[PDB]
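The form deposited in one PDB entry is given below as one chain in structure tokens.
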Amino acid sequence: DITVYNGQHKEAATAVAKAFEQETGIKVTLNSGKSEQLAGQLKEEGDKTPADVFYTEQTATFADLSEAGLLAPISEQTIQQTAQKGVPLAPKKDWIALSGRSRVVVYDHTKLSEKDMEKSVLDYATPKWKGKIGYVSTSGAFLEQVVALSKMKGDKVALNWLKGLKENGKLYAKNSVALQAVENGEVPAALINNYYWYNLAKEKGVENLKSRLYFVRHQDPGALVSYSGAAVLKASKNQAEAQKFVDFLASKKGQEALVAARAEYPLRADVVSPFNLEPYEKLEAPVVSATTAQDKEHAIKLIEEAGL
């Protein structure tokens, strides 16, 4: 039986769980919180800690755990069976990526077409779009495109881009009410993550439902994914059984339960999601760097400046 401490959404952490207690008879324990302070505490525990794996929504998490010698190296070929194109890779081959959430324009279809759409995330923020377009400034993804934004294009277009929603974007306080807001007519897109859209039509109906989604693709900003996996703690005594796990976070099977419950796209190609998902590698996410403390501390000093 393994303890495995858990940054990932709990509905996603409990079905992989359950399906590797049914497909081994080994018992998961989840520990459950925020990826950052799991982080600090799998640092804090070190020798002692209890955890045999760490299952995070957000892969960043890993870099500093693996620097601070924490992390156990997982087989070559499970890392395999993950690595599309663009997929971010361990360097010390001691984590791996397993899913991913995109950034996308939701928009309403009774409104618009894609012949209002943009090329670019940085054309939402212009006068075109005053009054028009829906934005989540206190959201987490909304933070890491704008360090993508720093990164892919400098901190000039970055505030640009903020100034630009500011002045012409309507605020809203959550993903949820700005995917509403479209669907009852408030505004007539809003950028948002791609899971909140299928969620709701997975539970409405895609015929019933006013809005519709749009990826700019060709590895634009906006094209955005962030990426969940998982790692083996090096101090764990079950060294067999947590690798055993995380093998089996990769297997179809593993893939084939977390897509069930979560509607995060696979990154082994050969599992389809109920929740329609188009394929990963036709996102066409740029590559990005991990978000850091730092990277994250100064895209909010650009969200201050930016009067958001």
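Residue numbers count along the first chain shown, from 1. First, how it differs from the form deposited in another entry.
- The rigid segments shift between these two forms, and of the options 81, 257, 101, 242 the one at their hinge is 101.
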Contents of the next structure:
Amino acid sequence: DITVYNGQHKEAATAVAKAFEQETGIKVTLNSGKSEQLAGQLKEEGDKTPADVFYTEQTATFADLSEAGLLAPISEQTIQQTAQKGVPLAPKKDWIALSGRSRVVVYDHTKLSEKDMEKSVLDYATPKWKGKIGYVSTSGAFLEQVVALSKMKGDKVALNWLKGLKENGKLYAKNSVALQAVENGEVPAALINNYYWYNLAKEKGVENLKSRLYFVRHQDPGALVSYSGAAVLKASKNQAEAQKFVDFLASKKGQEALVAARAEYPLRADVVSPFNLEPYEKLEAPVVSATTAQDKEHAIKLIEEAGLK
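Structure of the form deposited in another entry (previous: the form deposited in one PDB entry):
Excluded here are partners and other molecules; the one chain stands alone.
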């Protein structure tokens, strides 16, 4: 049996866990929490951690752990299975990307049309959007967005964008809350990840939603796709089973289990999401290098500088 530190949304974890149990008879115990505290805790437990696997919303969360040598290597053959355009590869083969989440703009289509949308994510952080654009600065994908800005456009552009959000945007604690804020009409638009919308649409029927998704495309930084993944703890006592679980998540059955439950992009070529996602290729997402521990600290620095935290 194995213990999974779960930084993914609960519905994602349960779905793959149940499937795995069903397929193999290995029981999975989930210890759920926010991707960051979890990463922190693993550093602190070191070789005494009870965790076997760490499953998180953002591969960027693996940077520190990998640098400190806390993660075990995966087979190259597994890694190759989810290697698609834009997907980061762990330099030490000690973590794997498994699903993609797109940055999107959600907006109230009963107040706006595509026609009112911007051609760049940069443009939302302006007075023109004063108190009209929601954002989530504590979001993991928000930080990746910052790193992407900095790498694609440079620090000044990035900083300006942050300062702009601070002055003009409405801050929400979580992506889900931001999405609700649009539906409830608190704000007309918000920057979040794609999956929340589709998920909400399935529960409620798109016909009943005020909100719709807008894709920035044309390789803008705001077209960023970031990835969720997993890693095996070097400290694990149950290597056979831990490895088996990570491999399963990269298999056709594990990808199917995940995509059925959550509107994230599968990374295997032979799996179709049932959610009718906007086709990857049409996203025109830019390719960005993997976020390193140093990239991470740097983005944090900018956020602070802009006075966001």
